[PDB]
Structures are given as C-alpha cells and as structure tokens.
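K.L.:
One letter stands for each residue in the lines below.
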Amino acid sequence: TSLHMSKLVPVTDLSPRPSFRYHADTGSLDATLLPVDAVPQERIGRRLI
Amino acid sequence: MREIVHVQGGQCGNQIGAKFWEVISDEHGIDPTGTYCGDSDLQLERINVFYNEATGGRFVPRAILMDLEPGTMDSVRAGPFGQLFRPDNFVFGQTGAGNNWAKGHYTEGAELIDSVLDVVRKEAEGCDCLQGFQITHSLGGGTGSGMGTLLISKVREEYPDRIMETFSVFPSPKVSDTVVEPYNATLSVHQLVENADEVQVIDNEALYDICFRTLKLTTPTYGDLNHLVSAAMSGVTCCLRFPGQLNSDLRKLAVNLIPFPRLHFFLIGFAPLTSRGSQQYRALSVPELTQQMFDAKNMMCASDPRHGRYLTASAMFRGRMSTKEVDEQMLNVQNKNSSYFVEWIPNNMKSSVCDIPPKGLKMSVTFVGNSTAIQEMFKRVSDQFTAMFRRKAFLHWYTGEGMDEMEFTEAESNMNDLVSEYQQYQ
Amino acid sequence: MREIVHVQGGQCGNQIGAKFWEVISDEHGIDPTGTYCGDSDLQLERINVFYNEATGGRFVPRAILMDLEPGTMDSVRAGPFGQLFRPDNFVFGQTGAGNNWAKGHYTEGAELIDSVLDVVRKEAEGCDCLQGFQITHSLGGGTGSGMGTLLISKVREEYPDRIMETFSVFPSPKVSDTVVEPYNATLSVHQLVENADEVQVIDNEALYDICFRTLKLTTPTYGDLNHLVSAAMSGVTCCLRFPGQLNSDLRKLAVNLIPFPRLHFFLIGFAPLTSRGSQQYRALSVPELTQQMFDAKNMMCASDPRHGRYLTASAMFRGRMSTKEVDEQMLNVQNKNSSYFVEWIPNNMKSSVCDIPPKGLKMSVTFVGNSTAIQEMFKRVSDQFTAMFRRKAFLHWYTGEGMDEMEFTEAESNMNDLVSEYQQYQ
Amino acid sequence: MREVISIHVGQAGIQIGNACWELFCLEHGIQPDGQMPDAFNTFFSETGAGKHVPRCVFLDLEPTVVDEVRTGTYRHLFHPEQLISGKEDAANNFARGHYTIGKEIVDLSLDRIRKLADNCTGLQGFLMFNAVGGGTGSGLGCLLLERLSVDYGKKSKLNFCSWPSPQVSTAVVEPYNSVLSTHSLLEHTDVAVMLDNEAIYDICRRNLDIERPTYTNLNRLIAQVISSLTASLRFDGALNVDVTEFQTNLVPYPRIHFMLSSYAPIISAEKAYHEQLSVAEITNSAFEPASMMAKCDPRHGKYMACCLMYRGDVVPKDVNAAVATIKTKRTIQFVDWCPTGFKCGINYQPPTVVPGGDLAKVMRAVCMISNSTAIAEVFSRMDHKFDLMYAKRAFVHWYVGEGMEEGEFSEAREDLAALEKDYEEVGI
Amino acid sequence: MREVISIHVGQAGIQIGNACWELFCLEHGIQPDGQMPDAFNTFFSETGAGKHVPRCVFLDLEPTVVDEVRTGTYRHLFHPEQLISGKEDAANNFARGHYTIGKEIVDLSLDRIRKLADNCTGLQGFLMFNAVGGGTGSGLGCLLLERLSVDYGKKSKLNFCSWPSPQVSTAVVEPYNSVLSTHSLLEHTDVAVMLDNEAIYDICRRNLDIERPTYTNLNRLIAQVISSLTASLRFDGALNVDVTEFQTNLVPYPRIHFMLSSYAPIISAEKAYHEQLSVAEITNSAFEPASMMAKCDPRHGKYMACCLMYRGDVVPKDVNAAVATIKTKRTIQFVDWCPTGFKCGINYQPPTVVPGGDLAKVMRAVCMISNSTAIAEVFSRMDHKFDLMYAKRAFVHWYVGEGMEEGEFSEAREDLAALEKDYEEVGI
Ligand SMILES: Nc1nc2c(ncn2[C@@H]2O[C@H](COP(=O)(O)OP(=O)(O)OP(=O)(O)O)[C@@H](O)[C@H]2O)c(=O)[nH]1
Ligand SMILES: Nc1nc2c(ncn2[C@@H]2O[C@H](COP(=O)(O)OP(=O)(O)OP(=O)(O)O)[C@@H](O)[C@H]2O)c(=O)[nH]1
Ligand SMILES: Nc1nc2c(ncn2[C@@H]2O[C@H](COP(=O)(O)OP(=O)(O)O)[C@@H](O)[C@H]2O)c(=O)[nH]1
Ligand SMILES: Nc1nc2c(ncn2[C@@H]2O[C@H](COP(=O)(O)OP(=O)(O)O)[C@@H](O)[C@H]2O)c(=O)[nH]1
Ligand SMILES: [Mg+2]
Ligand SMILES: [Mg+2]
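Chains A, B, C, D and E, in that order, give the protein sequences.
All residue numbers for the first sequence refer to UniProt numbering, where the first residue is 487 and numbers rise by one.
All residue numbers for the second sequence refer to UniProt numbering, where the first residue is 1 and numbers rise by one.
All residue numbers for the third sequence refer to UniProt numbering, where the first residue is 1 and numbers rise by one.
For the fourth sequence, the residue numbers in UniProt numbering are 1 to 37, 47 to 437.
For the fifth sequence, the residue numbers in UniProt numbering are 1 to 37, 47 to 437.
Treat the hints as calculated values from the structure; they're not laboratory data.
Please note that a few of the clues may not be correct.
Distance ranges between label pairs, derived from CB positions [claimed, not checked]:
1) C:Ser115 / B:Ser115: 49 to 59 angstroms
2) C:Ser115 / B:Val255: 38 to 48 angstroms
3) A:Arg529 / C:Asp304: 48 to 58 angstroms
4) D:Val363 / E:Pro37: 50 to 60 angstroms
5) D:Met372 / E:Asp76: 29 to 39 angstroms
6) C:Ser115 / B:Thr219: 19 to 29 angstroms
7) B:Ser115 / D:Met36: 53 to 63 angstroms
8) D:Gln31 / E:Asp33: 30 to 40 angstroms
9) D:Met36 / B:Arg262: 28 to 38 angstroms
Cβ atoms here follow ideal geometry from the backbone N, Cα and C, with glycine treated the same way.
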C-alpha cells in the first residue's frame, strides 16, 4: 500500500517531470525598491581625450 | 469490556479485513507476533474488544476468515500481520463457488456454514455480552454475497438482540468484472434488509474517485482502496476501544441513525485526506474537517447526497478537540444547507468526540450518514437486474444449483420496495 | 477582520499576480518557504487579509490561480516564491482558449468555471467577513478575458455586496500583438461595467513609457512591467494591511471616487520613481511626490489626463509624514491646476496615510484617479473594433460556438454610451 | 489441490499439445526429463523424488504421430502408457473413428482417465484439444465426450476445437466430419472454443510479419492462449478467474457456449520495443476485428459476454479504463440484456517466451474468450458446405459402408440448423 | 499532453519529412536509434526503456523513396510499419491516386493514424505534408484530407503544400493536378501554407550563396520553419502561440486561409559574422519581397494578417519596436479592416543548426507567416496553365480512363475561380 499506515498520507510522493524546462524566467532590472540595478555601464560618446 | 466478533467473508472481504487488522494492530501496539511494543496504558486496556488473550501471551485477533477458495487465505497468511491469526479460524472449502449466489447460499457453502458457525460459537459465548458482529464481504461474487448471506441469517436467528454491522461492498456500475453482479446483489439485498442492523454501503468507483481527487494518486491499487475502508471501520468502533469526552459505541450509532428499521443502508466516509503538497498546506481546524465530510468527492458511495435528503447524519469525531466547535459545525452545515436535510427531524445530527486520534494526525472524522440518495444505488442495480432477468440471461445456473424464478421476483420486489419508502421520505 | 481573495486569470494575470505575491511576501517577511523571518508585530498582525494559516506555520496565499493552458502556472510554480500556492489552488485546463472571448465565456470556459468557484468558495467563507476580491486578468486575450469577466459576474451574483476590485491590462492600440484585441476588449468591457466595482486600467504601453522615460531601463522585460503594477497593487490595499494616522480601505476608494453608478475606470501611478543613478539626487518630500504622481509620464494608462479633466482623484500615501504637508500639497494642485479638475464637485481628492512605508523606501505614493480621459481608449479600441466589424472581420471563430451577431453590436453600444457618459462631464 | 486433465485427440490435438507441454514445462521449470532443478500441481504430478509426469492422455488413431513423440526429445517425460496410439487411422471418415476403429481404443484411453483422476484430488475439468476437420478428432472426439459425460458428467469440459476453415481447406470430406460433430459439440461440451486456420495465418501476416510460417508456429500461438486460460489456477493473481468462472459469466443459455479467442499482442522482436504496449493499447488490438482466431468478423455480429485475461504487470485501474474505452466505442456493439459483460482477471505472472520462438519479451498480454452472435455465420458457411455435397449423396458410400445409417446426415443437419436459429433469436 | 501527428505524403512529403525528423531528433536529443543519453511529447512518444519513436505516418505508392528510409540510418528510429508503402505509383495522375489503386493504402494509413492518435492525451493538429502537382501527393492527399475531416471532426489539419513553381514545373500534367487539388486544400484544410520550389531556390542563391542547391538543401530550410512553428509547443516562451491561436489571428474567413512563410536569419556561415542579426535586422529581411517562400510579391497585394514567430534571445521590446518600424513602412499595405495585424510570438530556445548543413548558428530567428491579397496571382497563374491545356482536351483521356468523371475538371476550375473572386473582394 502506497498510503501511510495510520495517517493516510501517501509516502511514495512521486516526482512528475516538468513539461517544459520552465527556465529563463524573470529577475528584473529593478531591485526591491523599484529603482535599477548596478549593471556595467557604457560610454557611447566620443573618444575622451 | 465489550467484544466484537469480526468475520471476513469472500475474497474481497478477506482483503478488506486483513487491512483492518493491521490498522488496528498498529493502533494498539500489536507486533506481527503478538506483543505490545510501547508503554501506554491507553493503547492496551480495551484490547478485549478485537483481541483475545493467549496463555502463550499473544493477542490473537477475534477474526474468522471465510472463503471457499484456498488461495486468498494463503495470501493473507503469508502476508505481513497474517501470523497473528489463529489457524483454526481459517475455514477453507476446496470447490470455489465461482461467482454464483446459488452455490454460495444453497449449494456447496451449505456444508461449510455448519463448520464456520462452530468457530463463531467458540468466539461468541466466551464472554457475558457481545456487542456486534462486524462482517465485511462483497456483494458481487459468489463466496462473498452467497455464504455471507448464510452467515448473516444464522447469526441473527441464534442471536436476536446482538448488533451486526455490514461493511459490504456493492456491485459497481461504470466498470465491473463479474457479469452476474446484478444477480449477485438483488438476491443479497433481500436478506440484508431483514437480517441486519447496519449496512455501510461501499462501492468501487468512488473509492477510486477518492484516490484520484483527494490524494491525486497516479498509482492506486486494491490495497489502498482497502486501507480507506479499514480507516473508516477503525473510526466507527473507536469509542468501544478508546476513552473520550462523549463516548458513542456501535449501538449508539444504530439508534440515532435509523428512523424505521428497513432504512439502514448508510454511507461511510473518512475526512482528513491530503494531497502531496497539500500535507503542509492544509489546516487542521474542525470546520475544515466538517467541510471534507460533506462533499460528494469524499463519499465512499458514488450515490451523490446532493441528489437526495439526509434523513439522519452522524460523525464520529476523534482527537484532541473543542467540544463546542464539534457541534456548531454541525449546526452551521444544517443551516447554511437546510434544503439538504429532512424537515421532520430538527437536529439531524450527532457528534461524538473520542480523545485518541489516529497515529500521526491530530484529529479525524468518520461520517456515517443515512440518506435518501441510496435510492440511486438500488435503482441502477434494479436496472441491471431487470435487463437480464426479462430474457432469463444466466438464469439456469441459479435454477440448476437449485432455486426457482419466484425467488428472483421476490428479490426484486423487496429492492423495488427499497426505493419506494425512501421516496415519500424526501 | 478583513479578507481579500486574489484570483488571477490567464497568462498575464498569473504572471502579474505571481510578482504581487513576491512583493507582499517581502513586505510581510515571508520566505519562498513561508516562514516569518523578522521580529515585528506590525509586519505580521494583519496577515489574514492575504494569507491563511495551516498548522505548523506555512502561510499560504489566498490565491486562486486559474488558466485554460498548462504553460504559465507551472512557470509560476518552478520560479522562486512560487511554491507558496497550494497544488489544489491551481485550476488547470487542457487544450486552450486561443485568443477567443467565446472560448473562455461560452464554451471551454463554462465547464472549468464550476471548479473555479469551488476553490473560490472554500477561500471565501473560510473566515468571518470579506472585504472583496482582487482580480488580475487580461482583456487582450482569450482565456484571460473570457472566463475572467465571466468569473466577475459569477462572484458578483454570489456575493453582491463585496468590493469587486479588478486590475485589467487593456489592449492599447499602438504597439501590441494579437489581432483580435478589439473583439476581446470590447466584449469584455460590456461584462465589466455592471459586475465590477473598481476597474483599474493598466496598459502595457504606458508601463513601457514609465520604463523608458522615468526609470530609463535599457531592456525592460515583462518582469519589469509586472514589478511596477505589483507595487501599485500593494499600495492600494495598504490600510487593510498596516496601521496609519488616516486609514482607507477599498470601500473607502469606491465611495470617494465614484459619483454615478458606472463611472469606475481609474488610472494608477506609483512614485518613489527615479532614474538609474538618481537615487543620490532625488528628494523624498511630499511636494516632489505630488509633482511626480501628477506627471502624465507617471500614468500606467496612456490616456493623457491633460486631454480631459479629473472627475475625482485619490492618493493613498505611505511612510512617515506630516498631515498638513499632505493637505497643502493636495490643495495646491487644485488651486494651481484648475482647468484639469472638474467644477461641479468641490475638493476633488481624498488622501490617506499609511505609517508603514514599503521596504527600503522612506516614503511612497499611489494615485488612483477617476478621470474623464479614459474615454480616449474607449474610443481607440472602439474605432479598432468597428473598422474590423463593418466589413466582417474575424467572426466565424466567434459565431460557430454560440454567440450571435447581436451581442457584438450591443457590446459596442454599451461601449458607445459609456463614452457618451464620460463626455457628459467634460 | 488444483488440477485439470488435458485430452489431446487427433493429429491437431497431439501437435497443439506438443507446443502446450513445451510451454508448460518451461513456465514451471520442469526439464524434458521431468526433474526440475505448488504451481506445478495443475499440469504435473509428483512421481518419484522429482519426476513431474505431465497430466495428459495423448490419443490418436495412427501410429505415426504418437510413436514419433515416443522417439522424440520428450520420450522419458510423459508416462509412456499415457501415449495411447491407435493402429490404423479413421481415414477422414467420421464412421471409422466413431464406430469401428474407435470402439477399441477408447477403452484403453478411458482407463488412463481413471488413473489420472484417482491420482488427483479436486479435479476441475477436461481441456480436450481436437480437430474437427476429418476423422479421429471428430470420431473419437464424439465418443470420448459421450462416455465422459456419463461417468464424469458433473465437471467442466473445455474443448478447444479446430473448426474447418472458410476458404482454404486440406480435405474435401471435411464438411461432412464437422456437420457430424455438432451432435456431440452441442450438448456433450461445456465450452467449445472455435479456432480456425487463416485466422492464425493472418495474425502471422499483419503482426508477426512472418511470410512463410508452419503449423508449429500456429500451435505456439494456441499454447500461449491456453496458458492464459488456466493462468489463475497455477499462479496467483489480483482477480482470479478459475475454470468455473470462465463459464458462469460467459455462457448465458445452455446451448450458447461457442466462444472465440483473441490474444494480444502477438508481436515480434522488431515492434516490441517500438511500441509502449500497455493495458489500454493491448485490449484495443484485442478487439480489432481481424484479431479473432476464428475468421469471424465481430462487426456483422454483436457481443453478449466478453471475458478478459490480463496477464503480467497489469494494475486493476487500467483494466477499468480500458474496458470503459472499449464500451464507449461505437463499432463494438454489445447486447441489451447485459449492461455488464467484461469478466476481467489479472495474473501477476508475465507471459513466458519459448527460446528461439516467434514472440518477444512482453510484460503484458490479454487473452479474450468472447461470446457473440457472430459465431452463427461460422456454422452457416459449413451448412452451405454440407448441402452441395449431400445434394446427390457424395462420399456417402464410406460413411454408410462403415456402420452409420444414412439418416444421421439429415439429423445432424437439422440439429445444426436449429443452432443458427437459436443464435438468431438470442439477439432480437 | 500537447501533441501533433505529422503525415508526410508523396515523394516530396517523405523527403521533406526526412529533413524534419532529422532536425527534430538533433534538437531534442534523440539519437537515430531512439534513445537519448518531458519537452518531447509533441513529436515523440516513449516506449518505456528510454526509447522514443517519431510521431509520423509516411505515405507513398512507390516503394522506392520509402524503402530508402527503412534501409538508411533512420530505420530503427521509426516504428517499422509507420513507413507505409504500396506497389506501383499513380504516375503523376490525380485520378490514379484517388479513384483507383490508392484506395487500398488508405485503410492501412488511417489504421495507424488512429493508433497514433489514441495513445496521445490531447491532439492539437494533424500536420500534413504534400506535393500538390503530382499523383500521390495530390490524389492520395485529397482523399486523405477528406477522410480525416469526416473521422476527426474539428481537429485543425495543418498543411505545407509544395505547390508548383509559376514558371518552371518539371511536368506538363502539373497544371491539372494542382487545379484538381483545390477541391481538397480549400474546404478540408485550415492551414494551407503555400511553398513554391523556385522561391526557396532563389533564397538559397541570394542568401546562402549556393548556386546549385539540391532538394535536400531545399528541405533543410523548410524544416527550420516548421520547428520554429512548433517552438512554443515544445519549449517555453514569453508569448506562446499554439495551433489554436493560429486559426484565430491569421484567418479572417473560412475560405481565405492561404499563407506564405518567410524565415529570415537565413545566413551563410561566412556572412553570419559580418552583421549583427538583431531583432530589427532579421524582421526587415523577413518582409523583403524576395525571401518569401512562394513566388508572390506582397507589394502588389494587401496584407490582412501576419503571425511572426521571433525565436531566441529576443526581448519583447525589440519585437514591439520592430513591428512599429514595419508599420511605418509604406512599401507594405495593410487592409483597412485591420488596425492591428501583427500577432507575435516569442520562444526562448534558439534555433539549432545541423552539423554539416547549409545554415549557421544564429542567436535569433523570425518565422513570418502571413495572409494577403497577393496569393491570388499564384492561383490565377495556373489558371492560365489549365485553360491552355484543357482548351482541346489534353491528357484527359488518361484521367477518365481509370474512372474520373468527364467534367470534374470543370468544377475544379470554378472552384479556383471562386477563390479568385474572393481574394479581390477582401481587398476593396
Ligand atoms: N491448428 C492446427 N490445425 C491442424 C494441424 N494439423 C492439422 N490440422 C487440421 O486438422 C484437420 C485434419 O485433421 P487432423 O487433425 O490433421 O487429423 P485427424 O484429426 O487425426 O484425422 P485423421 O487424419 O483421419 O487421423 C485439417 O483440416 C487441419 O486444418 C496443426 O498442426 N495445427
Ligand atoms: N520541397 C520539395 N519538393 C520536391 C522534392 N522532390 C520533388 N519535389 C517537387 O515535387 C513535384 C512533383 O511531385 P513528386 O516529387 O513527383 O511527388 P508527388 O507529387 O507525390 O508525385 P509522385 O511521384 O506520385 O510521388 C515537383 O514539381 C518537384 O518540384 C523535394 O525533395 N522537396
Ligand atoms: N476493494 C477491493 N475490492 C476487491 C478486492 N478483490 C476483489 N474486489 C472486488 O470484488 C469483485 C470480484 O468479486 P469477488 O469479491 O472476488 O467475489 P468473491 O470471490 O465471491 O468474494 C471485483 O469487482 C472487485 O471490485 C480487493 O482486494 N479490494
Ligand atoms: N503585464 C503583463 N502583460 C502581459 C504578460 N504577458 C502578456 N501580456 C500582454 O497581454 C497580451 C497577450 O495576452 P495573452 O497572454 O494572450 O492573454 P491570455 O492568453 O488570454 O491569458 C500581449 O499584448 C501582452 O502585451 C505579462 O506577463 N504581464
Ligand atoms: Mg490423421
Ligand atoms: Mg512518385
């Protein structure tokens, strides 16, 4: 019997595989204050002599 | 110190009752070789109810195994917790009585009831009051419904005031194996309505439905369908074995659920029942346990109580509880759902708090409900019976073993009567 | 106390509510596990408004996630802060309602929605009162608006006094995919006006305008957009959740914004908002907060309020602050800006003060505003609708399953008279 | 003790029994000498210390088949006196095998019925294996089933007959032998399974894709069927279907006991791993109309009582879901007077392989003994076979020359004609 | 649960399907034997031992092109009778694949289509490959689509036509077979996608710098398009467009359902690394009136719907801004009953490259499938092909020879003339 012997909570508990891999999600440029994050910047200007 | 003689009959009854003897052995500390293991006095004082006392020292169960095929009892004996059973209470038979109620009731099983009833006597007059005969058997086979009907009849004529419970499983409409199942039920209900006090009606589709939509078991089996029945039977006889705030034994269950004696086909249930993620995610309040009793999903009948009227309903609560929320959860379900409850009974309800919960859980409920909605069970068995009997399909192996066709017409007349008095009572 | 039942519909609703349960859990100090991780009674005492309690802690959200395609709810489950939901608080669904209002509202949604109101009902009378329902969904999509707006009528007819507060993403016409956006949106607004209490029009396009111009996000993903809306979603339910000097529930918002029975399409803006390196330069006093929330760039709906008036506005403040610095700012915007404020109503603004700021920010503002400029997209989606509907656009996939052509002209007629009702007060 | 006696009469009876006893010896572990290195009790005794003698009476009217078994690799496995051999054949003549040559060989064979029954306690039935399409199997098949019905006429009789084939046929007097065998198959027979010839030929076409297989490969497929019939007797099971339950759930009226077989999957080494063969798919191929071992289309007939014999790693829920999907299919038409009709049994033992056979390692297999009204047209073609030959008394001068009176042709014809009338009124 | 059956019919259907299943097995990891060392159930099932069999049913009346597949490296991949073969071909004759000998392959192909659909919980599309302008990809393709509609109601049946090139054909009966095919790909097909061989020839020359491509390189470009079409159906995405979405955002009327496709990061390995293949760059090349995979310039028509399938590391703001850019472009003309016509889809998994193929590794992708009032010149071009031939009864005596009614040519001509009148009136 797959059921618990007194609790009736099955113990095998399974592990059905995720259909898609379910990745690439989120994580947001904003960081818990609605601001931005400190990613590396660029200059996109002239050569600064 | 009241006793229960537990007789399991049929292949289905032997398997259901074997699951009963392991869910009551761990509930009482009994090892497979009968020895108490812990140190709790509350787990041992009412061992006389379902167990005997040996001069060896072991608490053998008060069980009588009963099946004309000597293959299922070999499985029970060789399985775990099968070494508890006394070998004298293994009345064999070697013919089979295969899926024939005529063979179970009039042919071969007739010269076996005179030996199983000796075993019943050796267990029954060993005390000064017996409480009941808890009998588990099938209604779709030959050994189960047939010789089961023999044993319920001769036990009642010997013992007129003793209770006898019947956790019988009825034939299943959607998919069922035995072709002569409507014959095996119509001829069995006729004696199950006049020699029985309580018949807890159990099917197979709703037990599959429970382990599909409360447990989400992708892999059920016949063992875990029986472990639900054994858990329900444990909670019904819980006040006979354990102390409680409001004790209520089996006779208290009978006197407060039947209006009139023929209307005694109840519906059983058990309602803590969690899923895989939903073990950590489920509260353990009394109102939620009340919610899972009164769902068609967690009914062991597939005979939906919404399509009908609750004549009387009782719930054998178990666990460390508050004695007030055990009652206004019954009051609120009777008021927010008042059209689903019979008007000529105010207080259609019983609550009974035992104080010993099942192991691991904090509380438990076992719902026993007399409903109008057992109409649906008898009317579709009548539909399957009439369709074959009108052209006499498979009849000549019931007449051949010795009957006559009036026994079939009276068996349907009793069970077409059984849908009738439930109908003006609605 | 007070209780909110959060139902998320469709791919948009499930992904915008999953971030909402990430930012509420951060506010209440709850892990992805579901245990508290702080020492603050204020952070925990008003938790029943969004979380239930199950035995050993495990504060489960009161979330009724529901969809007809098993692609986006599993993405919520696999992500962080996604195991908080119960496995049975996930009304699944196979095949799918592929961009059809009818495949969510007449067929393919009617079968599932019976199970949806079951999960709603257990999470509705599981407490003592109920403030109302927070419903995140999508008008520009089939399974989002179809059973989304159907559920709006079902829980209104079951509870016709609770606040029906709905966050919906309206299809802005300029830069957005899927061609049946006019047919889904026009048909869904018709059901949304006599069945919802506070429809908050939150467009994807104006959220992009917030990201590009205010935040200056180089690559605003869809998690960035949902982070903004979840912040406004936390700021409106603040006084049910945290103490304050002047408190304001959701029923406060409906009374003090809605002059006439329909009139319930508001515009939201949340603003401690700052550029990339501008956290070292911005002030956080009330005057800069007020000057920012009234900026047309700080609308979540691109329905520019300078092209209209303010029928009635509201600003629920948060953080530690003085009452007159609220009051003189709420009065100075009326005295200085007088053209875009309606005259037949005096004092066209309420204010509230939560004393609990959002996490990290010292002060914050949400600005829910009943403006008579929402008819700009009530004309925009109507012109898109009638350009298609005149010369018989995509309709054979809206007719063969049950709608007739008269429901489309009546949906456009209710759109048109609500345009005329907003143009009445202009 | 659970046991059953297997009769084998005729060339087909012995050669099917060769594949049956090969497979039964492999399953129980009993070697070709009998010495294996309580499941055996149904088919083998416990002679000596390890000599498991098989439980059969090999009977044929020729020397040729029986003595070659007595000179084969299974010489000292059978009890050699169980192999009763005749001395001259019935010569495709029902009169010879029932009146003149068979009036002596039955007396010795029934003497081994007495010893095989007294050796055993709890006898259940008689798995008789006979051809019908000639002498011997029809002649001794008649005479054995007559006298076994008067001295053992209280027990079951599972007769796996080989009915004549519709189109192909290796005898011209073959219509006469089988019309003159329904006079015994109708009443001195408890279950009469009808097996054919093209029906195993075209199972071998589409499923095993063997272009040129032999009668041995037919007999191996029949042997796998028989091991699934008596599968719950020897071995364990969740739902056990013993010999009295194949007949109390399948025989609705005492005359209608002509059922049809359907094994699945009869699958080779190629296609076994290319499919996910499971409880739902196997019974869908079992109800495929060409998967009958009868050449009898169940579509222009209609079912009355079907029995399924799931075997291997089969979970009872999957029987239930597959029976439901079979029931919801519209081309499968059951009867009004049977809302039930799926007698399902499950054996825990997986089906075996014969090494170097034609079948692959398959975990699950379903046998299907089904009763329909389609069996009526199998007798209807043979009725048409009878009356062209009997129109002007063809081949009669041997039947009447050996002892029969000429009226037995018309008596057996009208008895067979009342059988299709019974199969037509059973399904109004 | 999501699942698509592919049905490759004809020589061109099989040969395109060889490229498709070669790419699919290299993309999900399945080796040519079936094993990989649950994002696969749209195109593969699971036997149980790590074994994966493709979900395809190959059709041909010759055995030549399909015996190639069962003797090459992908023979243990497919189930051995998925590859359904006949004996002799229709010989470029529509009536020879419909009214004669391809009527005995159809009952065995629909046998296995049912076996490949009942073992899947939820079917979302019958992907179908044909070679319209031939004998088996036209005649048997027509009867198969009629049979799939009556048996499988709704259940949207996709199609990838191989419609003959306007100015080069490699037949002369190819006007006849394509016009006779419009009685199947107009009222039985929903997703009739129009591919001409000449247009993908020009794609290979102008983009890949292959002046002499073979049919295998033709099929490799098509297979990448179908993989990107089913990309959301197998892999996760920010905006998933399944089959049900496709027949709501790209088909306004049930008769106007004809689409043109254009993949366009189709860049050679030498020229891939000299431009960034950014989101705007690959969709500007997608809307060029030369990368369209039918010979049909969209500038002389009017777009009514467009379904773009951006695949890879494509940020949704770059999808949105590029759609704004092409909306600003005046060279394309969207019809007045279409304010928005830009159903977009995003899948994170980048397009794969076959090792030794003719493409290059690319981070992004666009698959642009659109409906327009420019496809009317495609059907009106073979209108001139038909009436030049049928003016004095060319090659019709060998269509009516095997049973085609003399006159079926005529209502095939008013079926093409009906859709000619429909395309002009949905652009006014
Ligand atoms: N299934 C099966 N049928 C067989 C086999 N051998 C013969 N038959 C059938 O048996 C019929 C003829 O009867 P047989 O069993 O061969 O021989 P018989 O019954 O002993 O009759 P006699 O030859 O007169 O002794 C033929 O029509 C065959 O179809 C076999 O090996 N397998
Ligand atoms: N896309 C593609 N088209 C092909 C291929 N091979 C042939 N064709 C085209 O198919 C058209 C003729 O069809 P066939 O190749 O003969 O196939 P069919 O239509 O099924 O006709 P059958 O010969 O009866 O099989 C020709 O005009 C070719 O352009 C191929 O490998 N790929
Ligand atoms: N729940 C349960 N049901 C069973 C079990 N074994 C058999 N059954 C049921 O019993 C029916 C078969 O008849 P059976 O009880 O074996 O006839 P019996 O031999 O007379 O008892 C089937 O429909 C099963 O549903 C079991 O172990 N558990
Ligand atoms: N705010 C937000 N909008 C989204 C999200 N996903 C899609 N959308 C918008 O919703 C529209 C498509 O809605 P859709 O997902 O098809 O709705 P549904 O499939 O019916 O539930 C697109 O125009 C997107 O701009 C999301 O996660 N968040
Ligand atoms: Mg012979
Ligand atoms: Mg060809």
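K.L.:
Now, for every hint given, state plainly whether the structure supports it.
P.N.:
So, going through the hints one by one against the coordinates:
1. C:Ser115 / B:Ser115: 49 to 59 angstroms: 54 angstroms, holds
2. C:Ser115 / B:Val255: 38 to 48 angstroms: Holds, at about 39 angstroms.
3. A:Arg529 / C:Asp304: 48 to 58 angstroms: 35 angstroms, violated
4. D:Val363 / E:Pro37: 50 to 60 angstroms: Hint violated: Cβ distance 35 angstroms, outside 50 to 60 angstroms.
5. D:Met372 / E:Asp76: 29 to 39 angstroms: 32 angstroms, holds
6. C:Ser115 / B:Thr219: 19 to 29 angstroms: Holds, since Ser115 (chain C) and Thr219 (chain B) (Cβ atoms, about 24 angstroms apart) stay within the stated range.
7. B:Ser115 / D:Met36: 53 to 63 angstroms: Violated: the Cβ-Cβ distance is about 36 angstroms, outside 53 to 63 angstroms.
8. D:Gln31 / E:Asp33: 30 to 40 angstroms: 38 angstroms, holds
9. D:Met36 / B:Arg262: 28 to 38 angstroms: 59 angstroms, violated
This entry does not satisfy hints 3, 4, 7 and 9, going by the numbered hints stated previously.
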